[PDB]
Each structure stands twice: as structure tokens, then as C-alpha cells.
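Produce the complete structure using the sequences and hints provided.
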Amino acid sequence: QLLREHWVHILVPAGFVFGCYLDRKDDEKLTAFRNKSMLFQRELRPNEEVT
Amino acid sequence: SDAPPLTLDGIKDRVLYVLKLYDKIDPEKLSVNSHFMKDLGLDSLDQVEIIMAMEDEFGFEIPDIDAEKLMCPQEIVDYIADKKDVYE
Amino acid sequence: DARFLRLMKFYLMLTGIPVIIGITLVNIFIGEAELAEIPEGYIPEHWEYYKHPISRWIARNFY
Amino acid sequence: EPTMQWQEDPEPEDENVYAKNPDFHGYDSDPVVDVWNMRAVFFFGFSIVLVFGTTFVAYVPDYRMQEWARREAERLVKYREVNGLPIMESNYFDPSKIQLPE
Amino acid sequence: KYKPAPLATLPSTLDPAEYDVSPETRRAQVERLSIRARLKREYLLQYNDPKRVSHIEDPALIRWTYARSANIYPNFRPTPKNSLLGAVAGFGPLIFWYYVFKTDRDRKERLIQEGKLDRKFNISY
Amino acid sequence: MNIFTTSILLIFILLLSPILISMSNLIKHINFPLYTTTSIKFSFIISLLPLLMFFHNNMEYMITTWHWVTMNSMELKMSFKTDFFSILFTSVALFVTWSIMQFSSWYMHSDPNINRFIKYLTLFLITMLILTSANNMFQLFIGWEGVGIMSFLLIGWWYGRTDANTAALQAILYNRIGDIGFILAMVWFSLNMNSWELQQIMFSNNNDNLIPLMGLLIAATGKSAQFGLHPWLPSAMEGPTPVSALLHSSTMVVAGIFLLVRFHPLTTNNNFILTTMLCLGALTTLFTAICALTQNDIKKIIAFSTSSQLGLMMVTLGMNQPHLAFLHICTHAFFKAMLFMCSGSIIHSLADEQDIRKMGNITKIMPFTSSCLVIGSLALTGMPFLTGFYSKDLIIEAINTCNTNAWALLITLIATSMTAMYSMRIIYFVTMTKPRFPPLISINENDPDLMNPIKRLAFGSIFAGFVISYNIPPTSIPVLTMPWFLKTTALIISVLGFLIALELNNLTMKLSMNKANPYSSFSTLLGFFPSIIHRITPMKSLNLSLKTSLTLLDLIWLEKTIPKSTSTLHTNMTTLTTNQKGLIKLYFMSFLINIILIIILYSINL
Amino acid sequence: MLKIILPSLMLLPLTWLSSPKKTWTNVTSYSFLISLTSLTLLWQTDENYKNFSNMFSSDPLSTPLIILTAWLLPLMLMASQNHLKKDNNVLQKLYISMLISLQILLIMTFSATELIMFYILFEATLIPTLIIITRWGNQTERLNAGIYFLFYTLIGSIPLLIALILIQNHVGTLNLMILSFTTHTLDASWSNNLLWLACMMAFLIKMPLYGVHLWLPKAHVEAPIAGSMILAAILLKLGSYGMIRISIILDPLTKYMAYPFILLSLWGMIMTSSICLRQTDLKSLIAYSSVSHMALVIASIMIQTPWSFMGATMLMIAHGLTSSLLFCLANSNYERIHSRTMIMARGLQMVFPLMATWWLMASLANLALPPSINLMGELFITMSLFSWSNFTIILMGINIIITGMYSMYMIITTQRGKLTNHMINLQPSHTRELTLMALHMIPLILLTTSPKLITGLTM
Amino acid sequence: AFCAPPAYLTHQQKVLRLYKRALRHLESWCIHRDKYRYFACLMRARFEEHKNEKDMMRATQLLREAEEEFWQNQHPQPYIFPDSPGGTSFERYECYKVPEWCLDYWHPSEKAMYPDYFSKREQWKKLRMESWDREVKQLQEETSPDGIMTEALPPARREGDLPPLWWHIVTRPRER
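Protein chains in written order, with the deposited numbering: chain f, 4 to 54; chain U, 1 to 88; chain h, 18 to 80; chain g, 19 to 120; chain m, 4 to 128; chain L, 1 to 606; chain M, 1 to 459; chain n, 1 to 176.
Take these hints with a grain of salt, some might be off.
Stated by the list, open to error - List time: in silico SDA-like cross-link candidates among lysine to any residue, alpha-carbon distance up to 20 Å: (1) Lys-84(U) <-> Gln-13(n); (2) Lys-50(M) <-> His-63(h); (3) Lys-547(L) <-> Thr-537(L); (4) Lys-50(M) <-> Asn-38(f); (5) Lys-358(L) <-> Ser-1(U); (6) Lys-86(M) <-> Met-83(g); (7) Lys-564(L) <-> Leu-143(M); (8) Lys-3(M) <-> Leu-36(M); (9) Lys-20(U) <-> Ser-1(U); (10) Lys-54(n) <-> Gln-13(n); (11) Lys-38(g) <-> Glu-110(n); (12) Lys-68(h) <-> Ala-53(h); (13) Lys-125(n) <-> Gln-140(n).
Stated by the list, open to error - Some residues of chain n that are not near chain M, with every Cβ distance over 10 Å (derived): (14) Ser-28; (15) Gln-77; (16) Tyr-79; (17) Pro-99; (18) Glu-130; (19) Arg-157; (20) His-168.
If you're looking for bench data, these hints aren't it; they were derived computationally from the structure. Heads up, the beta-carbon is just placed ideally off N, CA and C, and yes, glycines get one too.
Here it is as C-alpha cells:
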């Protein structure tokens, strides 16, 4: 058939997906100071869940 | 403002015109092969002045290597023709 | 050389002109926006502190 | 007896590609591959990258605040020109909260 | 009248060593001619050589490049006036420029410490 | 206040449009030269409007089209300053360039890359208009260097004329030697005033501000023709005549003087510059007039004349008549271009023989070009009402009326005479003696693309000087109180030149055999200055770049020192530490020495 | 940042397993996609620098280098696609893998914060370069060239590492912007002086002065197009970036720890610019020009003025691109001839009518023709140096002049004479190489247009 | 400029060249052709005076004094001939004087037109390979082992067959 040839084009997109996901996991870590800073300290308006 | 190119008949007529206006030895009747030193008893001075007059008549310059060896109007014409690449 | 010129001009114009046209249509219909001062009941979002529609659109979707 | 040369293939010759593929492009001797690779290069690197990259960048906002800052300076200068203050004080931090030795 | 120079060499004609009629010197000239003719003929047996798909190699050019590039250090032998010119070119001018700059900077520094040098408008530096 | 900027940007847009067309595929279908010529004509018709509005309002204008960057309190932006100088220079340059383009369209048939030539010309034109109507010294440097490179290309259009390459290299070297001082000025201003703009620089009208003036001065000496750095003007002539006129009669040389005059406000409070502008510009009115008496090439003669006029203008600057200098630039351009135009017509009619020595009877055989050439010659001499007068004679008033250095004044008047001298030289050797040219003849000048331009340029060279001298605002206060032998000096002395040239040219006959006299040989050979400079300076500089730097530093010592030294050192240490033979009788003795050492060390150190 | 790296770590197995007929195109196009995605860093709305973890970071001074690298990768690929055409698929795959490893390392280092990570990557850059240079050259001295390269670099590397240790111990951490917010001042003794040395000596040995410019010509000559590209473009820039990021601590030492290095840099600029006149080998001429410009970079880096840093970055980027382009052109004229010599091939522009306009557009950018980032940088740096002293415009001008000279000498001994008659091997221009030239150029245009991106820290 | 010179020269050619040079410099000094003719006749008389003499002593003496007088009374800026060195047309067209072998790499879509001319190139090259090897033996047979040769080239001593080494001369582009 042909997938053995035309599948390789799936890696790079999957690599980019994995990269964005890993950056999302890192940013979900370090969640400390989410709103405890001294220049972006809001009141958490209703129905506006956290960043 | 380019004029037309040169042909063999024009070249020959011109060369005869000039070598006839010449006065030293030419008896006003030049054979196309009227050898200068042999068939007309000319001098190297005369031959060189002929070459110079031709240079002035056709604008360009003839180098010494071939000026010293030209001994025939037919040869002069062949030289000019192989220099300007005439007669397609 | 004719080939390189023609093919480069193609593979540029192809998407440069549609894009530029979208840009013109945007600037005309949407156009830029206003410096509306900040009310005391609204907390603007990152997609509203920027002027250009494309800029704020990206800032709302991606970043 | 005199000497001999280490057995080695001879110097290959200088050839021409256009003699066998006058549709050449420079990439390969396989014409289809040449064509598809040059189309790939052009498209992915002239239609998308240059164009969309230039677009993205040109429509980036307020790079390093060189616009917000102009706005802020206009507003501050209005404020201070009106209130009579000078536009720039030669001392930045409050010299009151500060304390020095002798 | 005229005198020679390193730039305006004595032209062809005036050269006393020319107009010589020595048989040995004329024979040397004719030997040079034999050489040059052999060279030009070997070159023309390739300029027009059909079935050719390449260019010509200029071994004189290659040797000239070799002698300007890589044959230098091996045949190089250090001696004085050579070490001397080298140390000069490597030390002298740097140190001259340096004294210049240091004197200038010290002038500027003492001037400012006095509090004189007009620096108005030197906001970007 | 909207039509003005509209026009000032429309001219640039017009000049752009062809260049854009160059990118496209129409050229192979279209007459690019006529296209460009007509676009230039309409650019001129546009540029005219500013002149009317300006003479009717005398309102200068300043614009900031596009904001480029903001580099932390020193911004940048495409700023124009449409004042008298530039708003007039645009119109003059276009009035000349339209005619030049027609002349080229006629003069460069049989050549394939003519559209390429036209594109190059209009590119230079755009760059020069930028330099002219620019305000930011950066935009001005842009114009500067773009003009330089365009001139390079144009002198080299025939990339086999070996000496042409060397001429172009000369040009680039000297223009860079000017760029040195220009960057000096840019830096000094960006430091001491934080800005590059003339507006915010005018406030330097009180301080010493002498280094930037020296910089602009070197820039003038370079881009124009002056004593130290003239030699690049005569060689350009190796290139074609249309460009040898445009780029070397009214442009690429007036640039330096334009710069100085735009910077005049700071030159009225520096009594040194006011002087050095005389020992530098008046001198050139001699070191080229001399060379403009025996040179045979028409174009070389004309170029030396141009250098003379430019030195004269730098002199009037030195003595503070800048608007006079500018008016003279304007006028001078007209006829200095028509002369090259006529010369190109002559040449193309003949078989590429610039030399006067092989031409004659030009009046009878070709009346039109001869009439126009006489017009231009007399205008340059200073005929009373041919647009030469209306600047030259006021300048010659001021030169003697002010506190001008003696020798400077004197050589300046001598040069004013030598003008007529070599003008009548042209006249005699080309237009009054016998037909010493070859026998064949294929003359043709009844072509409109070559008969109309000269006509328009003659009308201009006859009218525009007067028109301007009567229409411009009276910038300065003249001096109209002096004796006749100081009000009519230029006139008298030019008539003297006429008489003397006649006497001498007629002496050329009479079988008065010639003799290689040293004064004339010097004049012909430029003064030997190139013959020595261009033959020692290159030689020494290159021999140094080879001996010291390449070999004696970068291939010999910086290798014998670090790497080869390390190599020899480690090599010898390894030779030592592996010169060992396999003998236990020795290895054990060594072990024993080591044991002794360790015991002794412990004993000492406790 | 993983969004930039991971795909560049997938191009490798992609290359390994892809079929011969398609690996070139696939890897090329996908590397271009990577270059595209590499622009997310330019969303620098506000001044708050970007930080992704304790292990990565970006900045205005680094982002340009990152994009330039991710965009020089595919150009190396393409320019490396006509030679090694008779070399096996496995070998060319190795070559691709080495290029990609270079890309990845350079990205990770230009992004990293901890100078120790920066250093290990700065030294891992070698293996691929040494390999590329030894296993794909065309002469024999490539061996000595690689040796010089490697050992100069490691000699530099060592004391840098030792000083990083001394720091990590005296100070608590090595992370940047912490080094900033907790820097201090030094008693200015011989100890701290030798520390300054052991910190800058490696970056300098890499960005060549007059004294140690020796490994550059050998490399750029014996090595192929890709090695030459990457050297002239980035592997020098690494030293500059390191010096910029690290000099933040050594205040004030760098006021009197600079005079010798500034002097050497200027004098070397001059002497090398002169040699560029009489250096036959074209690539050697180009290399010495690179030296002449990096000397300006260094003189502008030391004295620590904002104008100077912005000019340094401008000229850095400009030279990178322009040198890659000139080397492409050299290689081009070489594959048809197989002789670097300048005076052998002459009087072109009659058969390569267009290419010239890719020769010209380079020189003009070398001799600082405006409006170009090249001249903007040269000029801002000359401004800073004039402020730092009034007697340096001299050397600036001498260099400008000698450059205006040799650039045109190069133009005129290859595209201005009269055509030879035994170069029958003049295969006309390939669309591929024309594309490489256009791609090296166009970004110069766009950046001349909008340079605010390419300024530096101070803007 | 086609034939080559000999290594040595002769008194004859030396004097001839001095004559031509002096006459050109005189045409340059004295512009009017009448004056030129006059002084040229004078120089001719000066020469014909000593012409008949043959003593190498007087020959060398007069020649070396003549060259000094010439170099000391020559024209600083002489009359160069445009189409020759020094002029304003030398090489002017070399930028257009392309050779033929650029032809081979044409594209067929282009040589589609201009078909006739390319119908004759083959029968020209065909006129080359068929008669090349012979042009070698003509020399390798007459490569006189004496080993003292000039740069001249012998013709085709046979009939029908072509000469040796005609490619680098034929096909030399026009001058235009």
C-alpha cells in the first residue's frame, strides 16, 4: 500500500502538539503566584474562574 | 547614426583611388597585384607611408607586424576583410 | 532566468495578493478602533487593550 | 622494477545535466523529484513563510511598548503642564524615605 | 633628459643592453622563442581539442597560489630585521594608539571631576 | 496645503513607476525609453506647481511622511524639507533629464541593454532627488552613497573597457574619503545635540562646531571636484557622454555644495571655514584651467571646466553668497549639459573620435550643433544676458567687493579669463579650421529625438537664468557702488581671453614648429599629480598589506608563536618521556629515587 | 520552546527512515515549517521578558539568533544538494543529521539561562562541525584546520568553566537575571582581573581578534558550504552572546580590562581589511572580512553603551546573512570550475546576467551601503566609539575605505572583465542556488524596513 | 595581431617603427595636414640622407640618438587610434563579444526558433571531428626533433583536408 511512505508526515505535527502540551504542563506547574502578585492582584469576579 | 558596412568592391576602389593619388613611382596604372618593392621598385619608406595613409583612410590602425609584411594590395584587402569580418 | 523570475513571482503573488486583499477588506469594513476610557465596572481582557482587529483576534484565540 | 602506482580508479570526468534533463532545476537527476522539491521549496518558503511571517510580525502589537509609552507620555505631560509641575525632576526616588551617613 | 626609476622603467628602445648583436644573446632569445612556441602549441592542442567536456588547468597559477599560501612557513627561517619588523608591526602602533587614548580619557576624566566639560545634550551615548 | 505634498510625493511615485515596470514582463513588449521619458516630463510638469505656490507665498514646507524607528530619545523618519533650494533643483534636474533621456533613446540604438541603462538612470535620479529634498542627514547619506554606486555602474556600463573599471574604483575611493568627514559630522551632531535634523541642529549657531564643518568640507572636496580629490572627474569621461554629462555636469558634484549651503547657518559664525573655502576652491580654478588648455578630448575639457566652475562656487560660499552659488549651479547645468549633448551628437555622427585634432568645418557640415555649442560657449564665458551673467557677474562683483584674500581673487580672475580661452579653443579647433577628419561621411541630425532636446535646452539656457534672477526673493543685499573697472571686470577680461585665443590659434599656422615645453607638458599631463600619486600610493599600500600583514604577521609569526611553539614543546617533552628502554635495572632505581623523595618531603614537612 | 525543538528532534528519525526520493523535500519543507513556528517569540507585547521554566528563556537579544539559525538550516540543506550527489544515501543522511543537531544545540544554547548549560552546548557545537569539515572537505589540510578549531575552542572553554565554578560557589546560583538582581562590585585586584580573563578569553578566542584569527580561514576554505555558512553566521555569534550576558557581573573591571583588546580589535580590523585586498582565495577574503566586522562587534561590546549594543546586534545579524550569501556565491562559482582562485574565472556577467545582481546586492551590504542594518550598526558603533574617544573615527574611516575598495575588487575580478574561452563547464544558474540567494537577501530588505525587532536589549 | 613576431629584430624594422612613431607624433603636434606633409617630407629627407650607409657603428649610434631625441621631443598626449589600445573603443564591445559554445546550453524551447542556423552548426562541428586527428599527425610527423620551433602553423599539405588549429581563429566573433 502507501502508508509506509505517506505516514512520516504525521510526526512533526505530533511533535508540535507534544511540545505545546509539555509547555502547558509546565505552566500548570508554577501555578503559585497565580493571583498573589503585587501588580495584577484582582478580586476574581464571579463566574470568571482562575487564569 | 551608423552608416552601412564595407564590401570588397568598395575597399578595392578606395585603395586604388589612394594608391593612384600617390605620386612618387606609381605610373597611374596599378595592377591589383602590383607588387611595391618588386614590381614597382618602391622603397620601404614609401610602403610604410602607404600603410599609414590607409590607416588614416579607414580610421583604425595596422600593427607593425603586418605592416612590414604587406606587399600586395590584394593582401591589404584580405587583411582588412579578415579584420572587419566582411562578406557574410 | 526567465523561469526563476516567473516562478518566484507566481509562488509569491499566489498568496501575497489574496492576503493583501483580505487586509484591505479588513481595514475597510472592520477598520481600527477607539480609545474608549475604562469604566469602573469592567475589567478589560488582553484581547481588548490592543487596537488592531487582527492583533486582538490572535491575542484572544492563541495567546 | 622502477615503481608502481597504488591501484585506484581514475579521475572521473566533468559532465552536463542539461544534456539529459534540459528541464533541470538543480536538485536531482530525477525530473519528477526535481519538480516536486522545487515546488515544495518555493511554496513552503515563499508563499507561506515569507508572506505569513511578514504579516504576523507587521501586525504584532506595541512591540516593547513603544506605543503605550508614547500614549503615557502624552497623558503625563498634559497632567504636569496643567498642574504646574516640571516635566522631569532631577531626582527620581523620594529623598525623604532615604537616609544617609555623615 | 631621462633617468630610470622603480616605477617608470627605462623603455624598450633606449635600453643600452638592447641593440646588442651578440650571437649568444640572440641565441638566448631564440631559445625563449622555442620555449614559448612549444607552450602555445601545447595550449592550442587543448583549446580546440574536440570531445572535451572540461576546462584547462593552469599549473603556474596553482604553484603561485601554493607559494603565496602554504609553502611559506616551511621555507621560512627566522632572522633579525625580520623578527624586528615583526615585533615592530605587532607592538609599536598598538601602544601608540593606546597612549593616545589613555591620555585623552584622563584629560576628560579630570575635566569632568573639575565639573567643566560642557556635556549639554549628551543624553544618548 | 494638500496639493503641495501631493505633488512632492507624486514626483517620486512617477519616478518609481518605471522601476516597478522593470520588474514586470511588459518591457519585451513596450518602449521603455519613451515610457520613462514621458513619465519624467509629467514629473517636471508636476514639480512646476511648487514653484508657483512658493513664489506666490514664499512658504517653505517641512514634512515627516513615515516614522521608521524610535531608538530611545533619538527617533528617525522620512522627513522632507521643501524649500527654495530643493523645490527648484527638482525642476531643473527634470528639465535636463527629459532631454537627456530623448538623447539616449536616439544615441544608444544597436545596444541591447538599453532598458537596463534607462532603469539605472532613473534610479540615480530618485536617489539624487532624495538627497536634494531630504532633511535628515541619514536620508542625505542614503542619497550620497546611492549616487556613488549608480555612478560606478554607469562608468562601467561597458564592462570590457578595462580602464573604465579603474575609473569607477577611483570614483568610489574618493567618494568614500568624503563619506569619512560626513560620518564625522553625523556623529558630532548626534552627540552634542541628540538629533540628526537641520531644525534641531540650527541651535548649534553659537558653539565652536568646527569638526563637523571640516567633515562637510572634506565631503565637498570628495563628491565635488577640488584640489586633493578632482582626478576622478576626468576619467569618468571614459564612460558614455549622456551620463558623463548628467552625473558630471549638474549632479553628483553639486551635491557637496548643496550640503554646505543647506548647512550655511553655522558657516557664518566660523571665520576659518570662510577662509579655507577660498584656498581650496579658487585654487581649483587654476589647477584645472591649466589642464583645460591642451587636453584634446572634448569631454575632458568640459570636465575641467566644470571643476573650475565648482571651485568658483565654493569660493563665493567661502565669502558668503550661498544663494548666488545655488543660482549658478542651476544656470550652469543647462549649458554644461547642452555641450555634452552636442558633443555626443558629433561623435556618433563620426566614428567615435572625441579628439578635436581630427575634426573641423563643423559649422558648414553641421550648423545646428555648432550654433548651440557657440551659445553654450559664450554663456559660459559670461555673455551679458545668457543666464550665465545673472550669476557669474554678481559673483565677480562680490569677489572683489569683499575682504577676499589677494592670491585667491587673482587666480580666480585668471581663471575667468581661461574660460574664454579654452572656449575659443573648442571653437577654433572644431568649428573654424579645415575638415581634418576622414573622407567618408554619414552625417545625420534631422532626427527629432536629437534636434528637439537641444532646442528646448537652448531656450532654457537663454531664459531661465533671467527668469529666476528676477523672480526669486532677494535673499541677500547686493553692492551696487563701485568703479566701472570693478563692475565690468569679468566682461573686459573675457573679451581679453577672446582676443588672445584668436591670436594664438592663428599662430598655430605659419609653420611655427612646436617644441615640448614643460609648462604645456605639465598642463597636458594634469600636473603629474596623478602620474605620481596613483603610481606610488597603491604600490606602497599594497606592498605593506602583503609583506607585513599577510606574510610577516598572519602566516609567519602568529603561527610560529602560539601553535607551532606548543607543538615543538609538547613534542620534545614526549620524546623525553618515551625515550625509555625496557630495563628493570633502571625502573627500580627510579622507584627508589621516588621513595627517597617522598620520605624526605614528609620528614621536612613533619 | 519545545514547540521549536521537538519537531527539530523529529526531523532526525524522519530523515533516517524516509525514502531517498523524498527525504530531501520532506525534511526541507518541514524545517521551513519550524522556521515559521519560530516566530511566536516575537509577541513581546510588554517589557516583561519571556521565561518558560528554570531551564529555558528568551530575550530580544537571543530571539533574532534563534530565528536566523532555524532559517539557515534549510539553506544549508539546499546548498548541500548538488555535491555529495554521488555519495551514498546513508552518508548524506548523516550529513543532514549533523546539520540538525547543530540547529538544535544552537537553539537550546541561545535560549538557556544557566551559563553552564550554555557552555556545555557551546562546546557540543564542535563535534558536528569538526565532522562536517573532515569527512566532506575537498583538500587535505582540513585535518589541521579541524584540530586548530577544536583546540582553540577547548582552551577557551576551560577557564570559562573554572570561573563559572568559582561563581556558583561564591554566589549561590548561576541563573541569569538573578546574577543581575544580586550582582555586586569587586575589590579590583589581580584575582578578579584573572577572573575577568578566564571569563572572556574563550568568547574572544571564538569571536576572532587579530591574534587568534588563524583558525577561521582554514575552516572556511577547507570546509564545505554548510560549515562555512554556520561558522560565519552563528558559531561566532555564540561568543558575542555569552559576553553580553556575562559582562553584567564584572563591572567595573571592563573599563581598564579593555584597552588591550580594543586596540587589538581595531588594529586587526585594519590589517585584515588590507589583506582582503591581496588575498587570492575568495573564501579567505570573505573570512578576513568577517574578522574585520567582528572586531567592530567586540569593540562595541566591551565599552558597554546601549547604542553600542544595538549596533553590535544589527551588524551581527547583517554580517551573518551577508556572509552566508557570499559563501553560497563562491561555492556556486566553484562547482562549475573546482578552483577557489579569484583570477582564474573572470569577465562573467555575459553568461550569468542575473547572478551578478546577487553578487552586487551583497557587496553593497558589505561596504555599508544604506539603507541597511549593516550601516546602521557600523554607524551607531562608530558613534559610541567616538564618545568613548575622539581618536577612533580615524580607524573607523580607514576600515570603511579599505572595505569600499576590496568589495569592488571582488566584484570586478569576477563580474566585470572579459570572458575566458576555456571555461566550457559553465552550467547555467540553477533555480536552487538562485533561490538561496533570494532567501538570504529578502530578509535584509524586510529588516531594513522594520528593524525594531533587531535592535537589542536597550530598545 | 594574428601572426606572431620573431624573438630578435633587425635594424630595418627598428628604423621603420621609429619612423612611423615619429610621423604619428608629428601628425599630433602639427595638426593641419599641410604642415604634417611638410614636416613628414623633411623627416623623409633626413632618413634618405643616411639611408645608403651600412656601418653597424653609425647605425647603432644614429638609432640610439634618434630614440633619445624622439623620447625627448615626443607628444605628451599623443593621437591614439580608437579601435586600438589607449583609445575610447578598445574592448568597448567585448562585453557583447560572446563566444559560440554558450550555444550548447540553450533550451530547446528557444532554439525552436532560429531553426535553420542550428541546422548548420552540426554540419560545422561535423567538419571538425572528422578532420581533427589528422591535424595532429601533420605536426607530430613534422614536429622536427631538432626542437627549435616558432609559433607559426603549417597548412594542409594535402588537398580536401582542412588546416590545423582553425577553431580558435574561425568562429572568433565579429567586431561590430
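Structure-based check of all given hints:
1. A threshold of 20 Å between alpha carbons decides the hint, and for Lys-84(U) with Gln-13(n) the separation of about 26 Å lies outside it, so the pair is violated.
2. Between the alpha carbons of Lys-50(M) and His-63(h) the distance comes to roughly 17 Å, so the proposed pair stays at or under 20 Å and holds.
3. Under the criterion of a C-alpha separation no larger than 20 Å, the hint pairing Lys-547(L) with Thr-537(L) is consistent with the structure, at around 15 Å.
4. At roughly 18 Å between alpha-carbon atoms, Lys-50(M) and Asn-38(f) fall within 20 Å of each other, so this suggested pair holds.
5. For the proposed pair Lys-358(L) and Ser-1(U), the alpha carbon gap of about 19 Å is at most 20 Å, so the pair holds.
6. Using a Cα cut-off of 20 Å, the hinted pair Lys-86(M) and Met-83(g) is violated, with the two alpha carbons roughly 54 Å apart.
7. Note on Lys-564(L) and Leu-143(M): the hinted pairing holds, with a Cα-Cα distance of about 16 Å set against a maximum of 20 Å.
8. As the CA atoms of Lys-3(M) and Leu-36(M) are separated by approximately 11 Å, the hinted pair is consistent with the 20 Å bound.
9. For the hint pairing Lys-20(U) with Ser-1(U), the CA-to-CA distance comes to about 31 Å; that exceeds 20 Å, so the pair is violated.
10. At roughly 15 Å between alpha-carbon atoms, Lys-54(n) and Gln-13(n) fall within 20 Å of each other, so this suggested pair holds.
11. For the proposed pair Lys-38(g) and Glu-110(n), the alpha carbon gap of about 17 Å is at most 20 Å, so the pair holds.
12. Taking the CA atoms of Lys-68(h) and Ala-53(h), the gap is about 11 Å. The hint holds against a cut of 20 Å.
13. Between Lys-125(n) and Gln-140(n) the alpha-carbon distance is near 23 Å, which puts this suggested pair outside the 20 Å criterion.
14. No beta-carbon of chain M is positioned within 10 Å of the beta-carbon of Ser-28(n); the least distance is around 29 Å.
15. Distance check for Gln-77(n) against chain M: the nearest CB is about 26 Å away, which clears 10 Å, and the non-interface claim stands.
16. Annotated as non-interface, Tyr-79(n) keeps its C-beta farther than 10 Å from every C-beta of chain M; the closest such distance is 26 Å.
17. Against the 10 Å criterion, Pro-99(n) falls within the reach of chain M, whose nearest CB is about 6 Å from its own CB.
18. Non-interface status of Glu-130(n) relative to chain M is upheld: no Cβ of that chain comes within 10 Å, the nearest being about 20 Å off.
19. Even its closest Cβ contact with chain M, about 28 Å, leaves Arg-157(n) beyond 10 Å, as expected for a residue assigned away from the interface.
20. Consistency note on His-168(n): stated as away from chain M, yet its beta-carbon is not over 10 Å from all of that chain's, at 8 Å minimum.
Checked against the numbered hints above, the structure breaks hints 1, 6, 9, 13, 17, 20 and satisfies the rest.
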